[PDB]
Amino acid sequence: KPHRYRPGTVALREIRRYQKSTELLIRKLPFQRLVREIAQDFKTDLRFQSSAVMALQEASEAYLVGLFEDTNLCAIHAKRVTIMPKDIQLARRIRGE
Amino acid sequence: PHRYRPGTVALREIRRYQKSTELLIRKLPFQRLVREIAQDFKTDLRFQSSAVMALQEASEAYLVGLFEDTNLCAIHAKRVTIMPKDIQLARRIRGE
Amino acid sequence: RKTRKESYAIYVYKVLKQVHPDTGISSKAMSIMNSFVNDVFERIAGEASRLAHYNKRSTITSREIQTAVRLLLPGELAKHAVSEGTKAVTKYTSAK
Amino acid sequence: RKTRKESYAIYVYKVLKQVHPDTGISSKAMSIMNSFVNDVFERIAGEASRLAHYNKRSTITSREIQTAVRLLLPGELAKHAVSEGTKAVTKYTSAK
Amino acid sequence: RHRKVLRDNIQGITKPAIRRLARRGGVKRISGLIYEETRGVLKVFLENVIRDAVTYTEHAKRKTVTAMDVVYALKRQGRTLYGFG
Amino acid sequence: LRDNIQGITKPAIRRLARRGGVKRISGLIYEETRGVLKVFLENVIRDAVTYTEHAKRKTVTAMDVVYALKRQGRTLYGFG
Amino acid sequence: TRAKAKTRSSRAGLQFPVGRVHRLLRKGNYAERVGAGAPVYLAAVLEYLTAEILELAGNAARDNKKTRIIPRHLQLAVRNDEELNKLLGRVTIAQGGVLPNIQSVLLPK
Amino acid sequence: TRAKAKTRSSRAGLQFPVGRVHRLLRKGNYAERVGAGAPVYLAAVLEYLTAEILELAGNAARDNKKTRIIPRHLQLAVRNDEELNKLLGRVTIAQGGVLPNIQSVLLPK
Amino acid sequence: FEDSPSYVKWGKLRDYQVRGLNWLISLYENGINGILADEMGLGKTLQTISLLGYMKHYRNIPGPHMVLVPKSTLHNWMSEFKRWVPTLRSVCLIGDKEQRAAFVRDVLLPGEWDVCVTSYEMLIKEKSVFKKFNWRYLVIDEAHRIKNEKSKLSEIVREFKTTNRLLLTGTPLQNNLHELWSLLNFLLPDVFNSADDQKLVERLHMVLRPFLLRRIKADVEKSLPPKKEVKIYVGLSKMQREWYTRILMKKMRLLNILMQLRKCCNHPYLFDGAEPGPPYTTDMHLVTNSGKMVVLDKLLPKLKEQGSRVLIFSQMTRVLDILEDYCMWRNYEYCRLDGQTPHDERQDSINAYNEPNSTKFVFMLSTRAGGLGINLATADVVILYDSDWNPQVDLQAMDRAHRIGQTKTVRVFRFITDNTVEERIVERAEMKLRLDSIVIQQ
DNA sequence: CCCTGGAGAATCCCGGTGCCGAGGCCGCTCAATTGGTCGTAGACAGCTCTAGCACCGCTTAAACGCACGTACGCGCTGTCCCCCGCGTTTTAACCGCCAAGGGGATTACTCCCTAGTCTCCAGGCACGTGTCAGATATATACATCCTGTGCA
DNA sequence: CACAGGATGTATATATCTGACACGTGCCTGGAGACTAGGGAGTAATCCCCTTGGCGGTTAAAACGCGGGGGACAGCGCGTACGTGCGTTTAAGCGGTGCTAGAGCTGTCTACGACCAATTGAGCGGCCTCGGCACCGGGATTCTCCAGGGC
Ligand SMILES: Nc1ncnc2c1ncn2[C@@H]1O[C@H](COP(=O)(O)OP(=O)(O)O)[C@@H](O)[C@H]1O
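For the record, the sequence lines run as chains A, E, H, D, B, F, G, C and W.
For the first sequence, the deposited numbering begins at 37 and goes up steadily by one.
For the second sequence, the deposited numbering begins at 38 and goes up steadily by one.
For the third sequence, the deposited numbering begins at 27 and goes up steadily by one.
For the fourth sequence, the deposited numbering begins at 27 and goes up steadily by one.
For the fifth sequence, the deposited numbering begins at 17 and goes up steadily by one.
For the sixth sequence, the deposited numbering begins at 22 and goes up steadily by one.
For the seventh sequence, the deposited numbering begins at 10 and goes up steadily by one.
For the eighth sequence, the deposited numbering begins at 10 and goes up steadily by one.
Under the deposited numbering, read the ninth sequence as residues 168 to 363, 377 to 430, 443 to 634, first letter to last.
Rather than coming from a laboratory, the hints here were simulated on the basis of the structure.
Idealized CB from N, CA, C, for every residue including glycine.
One or more hints might be untrue.
Said to hold, decoys possible - With a cut-off of at most 30 Å between alpha-carbon atoms, the simulated DSSO-like pairs for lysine-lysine come out as follows:
no.: 1; chain 1: H; residue 1: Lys40; chain 2: G; residue 2: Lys118
no.: 2; chain 1: W; residue 1: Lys317; chain 2: W; residue 2: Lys418
no.: 3; chain 1: F; residue 1: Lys77; chain 2: H; residue 2: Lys82
no.: 4; chain 1: A; residue 1: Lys115; chain 2: B; residue 2: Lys79
Unchecked claim - Short derived list, chain E residues pointing at chain C, Cβ under 10 Å:
no.: 5; residue: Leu65
no.: 6; residue: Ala95
no.: 7; residue: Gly102
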């Protein structure tokens, strides 16, 4: 009885909304904690400027978006609509990683 | 009359060509192609033989790598035959 | 009085006023423009330096800049930039 | 008169005789190895020069070469190359 | 002796966040196994970049990683970043 | 000077595909392969001819080809 | 006496610092000797490229109902143009976003 | 007078030319000044890389039952090692062929 | 005005509040803004209610008045408003976006109200609406919130246009004279500018006597026998010496040397790796390698064989967790109050501890949690495991138990680790306490 | 039946040729040795401002968990056509040789361009400062999707 | 199977506010004007090599056609895993304390390492020459694939 959208309308709406914006989609403090933890292995007592974590987040988000674009192309090639780890691995293999 | 099934000769040729190391394109046709392409940019162009040989080496390597990626795409699509859409997908993911 | 930092901001602003009179620009956009100018400068200078090295010359000249522009820029942009550079060099060498 | 061309051929031959005593090398492999040495030289030297420009210092030093090797070579190769270079620097300092 | 851990930092990269990145990428349906793979690839990319940046910071003999160091590392990797220097 | 691309023949394309490791080939892939080779060669030859014109020479050299390939990101070992 | 100083930028009619370009070329370790026309040519090329990108950015800002250029407008201008996309293909623009692009198969029908 | 000339290469115990490396660094437009230890360090690194590649190529050629190393052996040695392959990932070796691989889905059922 | 007015309901004002009201009236008539520092437990809210009721009744001058209180006291302030002087009209602003919008559109714009009660966060959110009107009296409770410049609340409260002002606090001076200057500069921007016996003491008393009123809780009740402060020194254990020496000289990340020596004086197990292996037993391991734990383990059973009912104030929730483990090991029932304890859980814990017959022995409190509530009058002994840089904060923790309901004298044990940073900390605290005493107490 | 028999392809072992890698020899140009110089970087010292670490209070958006149903991924079938293996004819590659000339490579000379110095001064930085363009909120009005309903 | 209406998301004006952009001012340091000196390159001329053009014979490779099997593609069913909406929970984000040293930045002094120049002699590149590895051909073996007990 309550109104309900079909499975895929909200997905397209979100696609348009997040292709309209320019914000950062990852959480700032969790990303900073991840960066600090990774830096711990390479060297201890390292300090990060607040701009360094921002630049890292920018580069990471851009890389992930491009990877997802190639992954979607592979999934469409496979006569699918859903992306899968197979698509991610194929994209990485073709791009040379 | 003996006749091999459709695909054993393909694997035989795959093995022999992956084991060999020579050029697989006829040199005179490749040279004519290179000269014809070069005529558009500048006329009265002369080439060293080393230049054409290096061009052939680079072209063959590029095509071999492209074909390997195309085969991977065809396998991803649950196929054994390679197709122009596979070539296009490989180029698009590479960045060309 | 912090130490002086050099940037192309004022020249970007003058070009912006020439192109779009009633328009402005933000700080991050000006940072992006400065980075773009620095990157293009580095590419052109590096290619010109390598051209001079290949030809075994210690001088970087307008010919090297023109060839670097042809090598780096894509086509229509290359020819338009070549025209602009030729115009500027002719004005400079005919005036003073 | 004709000019002389430099190469790393005799040194590659000496290293080869040190590693595999009764193993030879042909002209094509010699050209490949010479090109490889030149490419590695170019990469490491360019990285060191960029480091010197970034830190605003006019000299290229062993520290900068070590940092460039860390940036360029991956992993175990980097560690062993750094060990060899440090050993050579110690011997040169002591025996000069 | 009484303490506990909260959560691994790679799990701070959440499923809704990965889904938002996919929505920007142009993806409609996502498998449930994508999140672990995305975490792995993000970890590898970050490791490479942070290693290069730490190398630059050590060469400068500094103890703080700088935005310029991150930009230099990205340029070495081949991912030039405009807007930070 | 025309039609020379057809000199790049179907057996040759098949040999390259076999060295790549492919088993079955569709009939429409030969035209696409010819086009890809054409664009690749056009880029490389454009860069090489530009180097030659800077050198004030009428002969293209293996060094010019190697420099062009290197600046396209496809370094070649074995010709200088 | 001493004649009035004129900038080489004014001499060439450019809006970019020919003197600063010459200084950067000499201090950048590209060659030991630098010609006089090289800084003029390079400044002209930089000015042309900046003019092109700013033309496109102002066009993209005007039809978004704004008077300021922002990195979103810069990204929209850099993309949607073939030559500039080739020029800046491996370049990430901070706070730029991505183009609106939905594949046809994903569209409902 | 002066003592007998002793090479910097022999002083450092290397087989690569420290003097030639120093000259190339000075004439290569990398910096205004070049230190004493930098040629030694670079020569050691180049020697190590050459030794590694040649050892792998010699092992491969001994597998093939030859004495002379050829570009095929060099390609085999480079592509069969992960770190060298990553170093030379974007390099083509002339007349080297490819590693023999066949995807398992193409093998007869 | 020696007697209570006629608008007061349910109770007549006593001597201290009537003379405070007279002081406030004189201050307003002369035209200065002042600080009321009658200490917690002398009816400051009642004095403010009397002042506002007098302003509304005796002179026909009611108008927009703002009373800033901490969120934890909004309900008590509103209840006192509606119980003592119902003639005045009062509202309170609280809630999320939709509730705040509904309330402002309902009451704040029409302005039938006279006195508004708002919290600091609501003030920051609603600066746009609270800024527009004119305020003839701005009352701020717990004025130590705006003691620091460059703080957003202090900037916003200075930005408002008010005819008069009035501060309510208990400890105007805590660390320096700069905070007292900040309060006085907010009150009188022109009068107090620049920067702040013959060269001291006398000048301060003469300047600040007409701008302040301080009352020690001694002339009102003449009860509640005084405290007894005992300082217990501890020579900490061998593992503590080893870690202390290692930290002083310098593979574990360690940045804040002062805050590493701090916990090192509290308990070495807080560091990673100082604990034993994967047995992770909790029996006599902790007591022996911590001298403060040794003294506590010797002291608490004696209190239990006697009056017991001890309070332990600590500066680290991790230390409180270790103490909870110790209490479990000793089979001691307890109750833990902390910033992480949900507000509903706090009140029932307080009431359970303060119930007439409770088995609870040890109450663990972080010194900076809660505040101005928590009437643990039935408690007996106060034990400070650590001491902070604020002697007044330590004294507030001490006087949480020291309330009007207590009938027997209380003893406060202060633990100090000699030849450590604890000595500096206690020296700084004593110096600041002496400064506050010599400035304000006289 | 899965398991022999042909039949083709790969594999291994010898023997004769060819040319190309390895060694030896000459001259010369580059690297080593010495001596003098100076500017670059190291060492040190003073200062300021971010930054890290342990906590409190509050608000609120975002994350987490859950239940249901629906498109969708995935397996299985059938068909037919397109690709592959093979034989035959045809074509142009390949190799060898010869002949000619354009053009790359070198050298010597000369000048004109660029580097380096000293003044001189104005363009380009930093530092304040105010006003408008974009963000936010709010109430509208409008467009999109979904489902029940006559069609049955 | 169209259609209409309802519920929801989204675009649109309009008013408020604020902090960041654009301007102006003052100072200084880096670019311009004038000049002189030295060597890098432009120019002319010569040499010889390496590219191009052509011709003939051999043979491998390509083009063409044929017949058959297997793989691509469309269709059908299913049952499962993901999207959607709702309710609870958590932690992010913001705003505070509390003293701290720490790290980056700038200014000065001073010594040593890199440059620069002259001299010389010994590695090193180019040129011959020769023998042993790789190549090629030929003959005798193992391996594997495909048809048939539907061998
Ligand atoms: N009506 C009253 N008259 C006098 N003293 C009171 C009154 N109500 C409470 N108190 C005392 O004041 C103490 C707490 O004071 P506080 O709550 O600060 O007063 P107020 O809320 O009026 O400022 C309590 O211990 C109590 O004994």
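Is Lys115(A) close enough to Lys79(B), meaning Cα to Cα at most 30 Å? Given that 30 Å is the threshold and the Cα spacing comes to 51 Å, the pair is violated.
Chain C contact restraint on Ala95(E) - CB to CB distance below 10 Å: This hint holds: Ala95(E) lies near chain C, its Cβ roughly 6 Å from the closest one there, short of 10 Å.
Minimum Cβ distance from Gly102(E) to chain C below 10 Å? Cβ of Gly102(E) sits 9 Å from chain C, so the hint holds.
Given a cut of 10 Å on the nearest C-beta pair, is the interface hint for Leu65(E) held or broken against chain C? violated (19 Å)
Are the Cα positions of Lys317(W) and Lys418(W) separated by 30 Å at most? violated (45 Å)
Does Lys82(H) lie within 30 Å of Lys77(F) when you go C-alpha to C-alpha? Distance of about 13 Å is within 30 Å: holds.
Straight-line alpha-carbon gap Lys40(H) to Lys118(G), limit 30 Å: violated (51 Å)
In the structure shown, a violation is registered for the earlier hints numbered 1, 2, 4 and 5, in ascending order.
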